[PDB]
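Asker: Below are the chains, spelled out letter by letter.
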Amino acid sequence: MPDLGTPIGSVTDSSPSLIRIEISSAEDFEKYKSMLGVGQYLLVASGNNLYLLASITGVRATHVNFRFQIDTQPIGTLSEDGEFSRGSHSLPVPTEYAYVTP
Amino acid sequence: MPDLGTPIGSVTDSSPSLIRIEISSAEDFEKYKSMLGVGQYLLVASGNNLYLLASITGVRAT
Amino acid sequence: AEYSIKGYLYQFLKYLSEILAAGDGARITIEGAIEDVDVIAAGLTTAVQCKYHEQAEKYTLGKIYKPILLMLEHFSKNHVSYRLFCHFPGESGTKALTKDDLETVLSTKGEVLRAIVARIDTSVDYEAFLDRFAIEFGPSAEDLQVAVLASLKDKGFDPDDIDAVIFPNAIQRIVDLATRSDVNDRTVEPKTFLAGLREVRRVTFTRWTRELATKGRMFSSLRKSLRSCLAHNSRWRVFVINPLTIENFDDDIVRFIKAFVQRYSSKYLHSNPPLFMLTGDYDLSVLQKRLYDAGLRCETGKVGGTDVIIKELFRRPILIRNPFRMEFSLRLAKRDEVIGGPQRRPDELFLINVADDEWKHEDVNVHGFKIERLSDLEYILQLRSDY
Amino acid sequence: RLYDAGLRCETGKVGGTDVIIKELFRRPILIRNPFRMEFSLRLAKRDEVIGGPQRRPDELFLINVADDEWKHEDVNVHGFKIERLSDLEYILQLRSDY
Amino acid sequence: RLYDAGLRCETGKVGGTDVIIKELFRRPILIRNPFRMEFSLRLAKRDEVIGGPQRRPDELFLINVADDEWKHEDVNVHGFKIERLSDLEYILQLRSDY
Numbered sequence: 001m002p003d004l005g006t007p008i009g010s011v012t013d014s015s016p017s018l019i020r021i022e023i024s025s026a027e028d029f030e031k032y033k034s035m036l037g038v039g040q041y042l043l044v045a046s047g048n049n050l051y052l053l054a055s056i057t058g059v060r061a062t063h064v065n066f067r068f069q070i071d072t073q074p075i076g077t078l079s080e081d082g083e084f085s086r087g088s089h090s091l092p093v094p095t096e097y098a099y100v101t102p
Numbered sequence: 001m002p003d004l005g006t007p008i009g010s011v012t013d014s015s016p017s018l019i020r021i022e023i024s025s026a027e028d029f030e031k032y033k034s035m036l037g038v039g040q041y042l043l044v045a046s047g048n049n050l051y052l053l054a055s056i057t058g059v060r061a062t
Numbered sequence: 001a002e003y004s005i006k007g008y009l010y011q012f013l014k015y016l017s018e019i020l021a022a023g024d025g026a027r028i029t030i031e032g033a034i035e036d037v038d039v040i041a042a043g044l045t046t047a048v049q050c051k052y053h054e055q056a057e058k059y060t061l062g063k064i065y066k067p068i069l070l071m072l073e074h075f076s077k078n079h080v081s082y083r084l085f086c087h088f089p090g091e092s093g094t095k096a097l098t099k100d101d102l103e104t105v106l107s108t109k110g111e112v113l114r115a116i117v118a119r120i121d122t123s124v125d126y127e128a129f130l131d132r133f134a135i136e137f138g139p140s141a142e143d144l145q146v147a148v149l150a151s152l153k154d155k156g157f158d159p160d161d162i163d164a165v166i167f168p169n170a171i172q173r174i175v176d177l178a179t180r181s182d183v184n185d186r187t188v189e190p191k192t193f194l195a196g197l198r199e200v201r202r203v204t205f206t207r208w209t210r211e212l213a214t215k216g217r218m219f220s221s222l223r224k225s226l227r228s229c230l231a232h233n234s235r236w237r238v239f240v241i242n243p244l245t246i247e248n249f250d251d252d253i254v255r256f257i258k259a260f261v262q263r264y265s266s267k268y269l270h271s272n273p274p275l276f277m278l279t280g281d282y283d284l285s286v287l288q289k290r291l292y293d294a295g296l297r298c299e300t301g302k303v304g305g306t307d308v309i310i311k312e313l314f315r316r317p318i319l320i321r322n323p324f325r326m327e328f329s330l331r332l333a334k335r336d337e338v339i340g341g342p343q344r345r346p347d348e349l350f351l352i353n354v355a356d357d358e359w360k361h362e363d364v365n366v367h368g369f370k371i372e373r374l375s376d377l378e379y380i381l382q383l384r385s386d387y
Numbered sequence: 001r002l003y004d005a006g007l008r009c010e011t012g013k014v015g016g017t018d019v020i021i022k023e024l025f026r027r028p029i030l031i032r033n034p035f036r037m038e039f040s041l042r043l044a045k046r047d048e049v050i051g052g053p054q055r056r057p058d059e060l061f062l063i064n065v066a067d068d069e070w071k072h073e074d075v076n077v078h079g080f081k082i083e084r085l086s087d088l089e090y091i092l093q094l095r096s097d098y
Numbered sequence: 001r002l003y004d005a006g007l008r009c010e011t012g013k014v015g016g017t018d019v020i021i022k023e024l025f026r027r028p029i030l031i032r033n034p035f036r037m038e039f040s041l042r043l044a045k046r047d048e049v050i051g052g053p054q055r056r057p058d059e060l061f062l063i064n065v066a067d068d069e070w071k072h073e074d075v076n077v078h079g080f081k082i083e084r085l086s087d088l089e090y091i092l093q094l095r096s097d098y
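Protein chains in written order, with our numbering: chain B, 1 to 102; chain P, 1 to 62; chain D, 1 to 387; chain L, 1 to 98; chain A, 1 to 98.
Bound conformation, chain B alone:
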């Protein structure tokens, strides 16, 4: 429910087992490095109110502008009130934003 803040990137592939996110600029990556290594957790939108918690499994980078890719795995869903619910219930569609987990 708190202020998640500003986002870091948008989704480019979605499935029950894999979520593939992309970041456009490098400033954002160098800003949020310490919270994007393996093991940490991110949040993805899956509808106006709900959210989905995802675990990082792979990171990667390439040159030719830049491309930064992140590959993650789902664990469950969380609402505004606070209700947690387990299971890959509702996939997140493309063009939805990602946020970092306080």
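Bear in mind the hints are in silico, worked out from the structure with no lab data behind them. One thing to keep in mind: the hints can contain errors.
As the list claims (entries may be wrong) - Below, a list of computed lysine to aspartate or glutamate pairs in the DMTMM-like style, where the Cα atoms sit at most 20 Å apart: (1) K267(D) x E27(P); (2) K370(D) x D250(D); (3) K302(D) x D68(L); (4) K31(P) x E96(B); (5) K22(L) x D4(L); (6) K224(D) x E96(B); (7) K311(D) x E38(L); (8) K224(D) x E35(D).
Claimed, not checked - Here are the simulated distance ranges between beta carbons: (9) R325(D) x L88(L): 46 to 56 Å; (10) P28(L) x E22(P): 32 to 42 Å; (11) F328(D) x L62(L): 28 to 38 Å; (12) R36(A) x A61(B): 42 to 52 Å; (13) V49(L) x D281(D): 27 to 37 Å; (14) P7(P) x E189(D): 48 to 58 Å; (15) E22(P) x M1(B): 34 to 44 Å; (16) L244(D) x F80(L): 42 to 52 Å; (17) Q93(A) x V286(D): 53 to 63 Å; (18) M1(B) x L102(D): 56 to 66 Å; (19) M37(A) x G16(L): 37 to 47 Å.
Even for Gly, the Cβ is constructed at its ideal location relative to N, Cα and C.
Could you slot chains P, D, L and A onto chain B? The hints should help.
Answerer: Quick look at chains P, D, L and A alone, frame taken from chain B:
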């Protein structure tokens, strides 16, 4: 029967083992998400007056 | 001017108990005290004031100092049949005080009380006050509400609905009956009341209902009722408001629209922004400019300022992903002008402070409300956290 | 009428009766495939527009108007004079015959 | 006036008045996609520029001057006399109408 209503999309590959359905609109998916998860069921037309039952085994978006 | 709103409340609760137990053809009447401003003063000027007090174990003039002294001034001004509701454990009798007790009252140990009383004109038929006033030792308010809930159930209804859409609605109808400058008759057939309520399906959020004990569920049932609709991404939503009675409209309507468009219609996939329709003779140019000052852009619909074009108001906007840019994020227009209906029908039509509209139908889920403070609606629409 | 013809326009208004200069000059939202364009032409009266653009123009044609304010040294003034409208279409590479 | 027009200049003056030679004739930065160009034109009053270029000019157009030091055999030295700039705008393919 009865009154299955509006469809969601057409096939783009066929075989006894696997079938591959396709969709190209967003609103439809957002409206029918609940019944489009793994385990659920769907009916594919396989003739004038018949129907074939299918059990989902995978989803992808791009 | 404490206003002892809980007093009017207990009184209306008693009236409600009577209306429930009232026999066929028996219509109990009511009187809205000077708290209601009525030049008509219907009912032969039989308005009745009241007050509530508790936490007094045994009856002593000491425990009932302030209220008596207070009623004294109100009568000093100038048929106001003062009635007092109180609960003392072990005493359930009604009696009229005598003169020596009145003098006991006049013996003022607190000098501030004497300062307040000095405003009282000495020349007053204190005996008329005594024989006009009555003292009542009655049950507790909360337990009264509980018995009243049980009785409202006894009639028979969907047990889940009575909690949040029935009891406050009835209290509100009775309150409107109590304080309305419009011509009215407190005599109301108890048999109609039942079905008349059996029909309506709109919630209310007035000041009176705020203090009822049912608050706490009045909010949450609605919050759960509206969750599944808004959860979606692309839907057609419509609004209609009456700005007459709303409190502090021109100062907070902007905050409303902005807090809405920030969570529901500022993103790519959102491909059908909302609409807001205001009824009356209200101007819109001021609101439009004050919004543009913020960053949002509207879709008035008028190409030429003369009249509305039904087809343009409902068009679909241009969208662009990286970076995001949205031609319009909200619509706005008046009802007396818009003439006709769309091609596709709505999926939600909220009505704030209005009875009916032409778009109403069967397929269109219609939800109605009645409000004074807008900030209460935000809680229903998940915009904010607490009330 | 121009709407009826199939073209939209921008009038630099936010509902009131006064013009704003910042929206009067702005960039439209252009999409390539499929083609689309928000506002194609811009209209307004002079007596209402007060101020000057954030940037200087390049070609300020003038028709039957002697002097105007924006007129400057570093801007091109191709002042003309006409009798009927059909002539300007010959001056601007739209119609062939006189 | 040129900055306001849109273009940018290079004058070969590091702070002070003196006009260095090497900084004036330096090759610019260029980026293909998108097109960006550090400077487009050069400006230098003559009396401030004394010396000679490492490289010779392919063409040297003089306007209303009898002679200059950089006149050389292997360097083409065109010449003219004019009354107003329009004539030159014609002589260098800018205005098809004299």
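Asker: Given the hinted pair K370(D) and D250(D), is their alpha-carbon gap at most 20 Å?
Answerer: It holds: about 18 Å lies between the C-alpha atoms, which stays within 20 Å.
Asker: For the pair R325(D) and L88(L), does the Cβ-Cβ distance stay inside 46 to 56 Å?
Answerer: The hinted range 46 to 56 Å is violated for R325(D) and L88(L), with Cβ atoms some 36 Å apart.
Asker: Is it true that the CA of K224(D) sits at most 20 Å from the CA of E35(D)?
Answerer: violated, 37 Å
Asker: Taking the CB of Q93(A) and the CB of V286(D), does the distance hold inside 53 to 63 Å?
Answerer: Given about 57 Å between the Cβ atoms, the range holds.
Asker: Going straight from one Cα to the other, do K22(L) and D4(L) come out at no more than 20 Å?
Answerer: Answer violated: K22(L) to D4(L) is near 27 Å, above 20 Å.
Asker: Against the range 34 to 44 Å, how does the distance between the Cβ atoms of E22(P) and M1(B) compare: consistent or not?
Answerer: holds, 38 Å
Asker: Quickly compare the C-alpha distance for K31(P) and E96(B) to 20 Å and report which way the hint goes.
Answerer: Given that 20 Å is the threshold and the Cα spacing comes to 17 Å, the pair holds.
Asker: Does 42 to 52 Å hold as the CB distance between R36(A) and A61(B), or does it fail?
Answerer: Once the Cβ atoms are compared, 26 Å apart, the range 42 to 52 Å for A61(B) and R36(A) is violated.
Asker: Just to be sure I understand the hint, the distance between the Cβ atoms of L244(D) and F80(L) should be within 42 to 52 Å; is that true here?
Answerer: At 58 Å between Cβs, range violated.
Asker: Need the status of pair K311(D), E38(L): alpha-carbon distance at most 20 Å?
Answerer: Roughly 17 Å between the alpha carbons, so the hint for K311(D) and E38(L) holds.
Asker: Taking 20 Å as the top limit, are the C-alpha atoms of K267(D) and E27(P) close enough?
Answerer: holds, 15 Å
Asker: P7(P) and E189(D), beta-carbon distance inside 48 to 58 Å?
Answerer: holds, 55 Å
Hint compliance for this structure: hints 3, 5, 6, 8, 9, 12, 16 are not met, and every other hint is.
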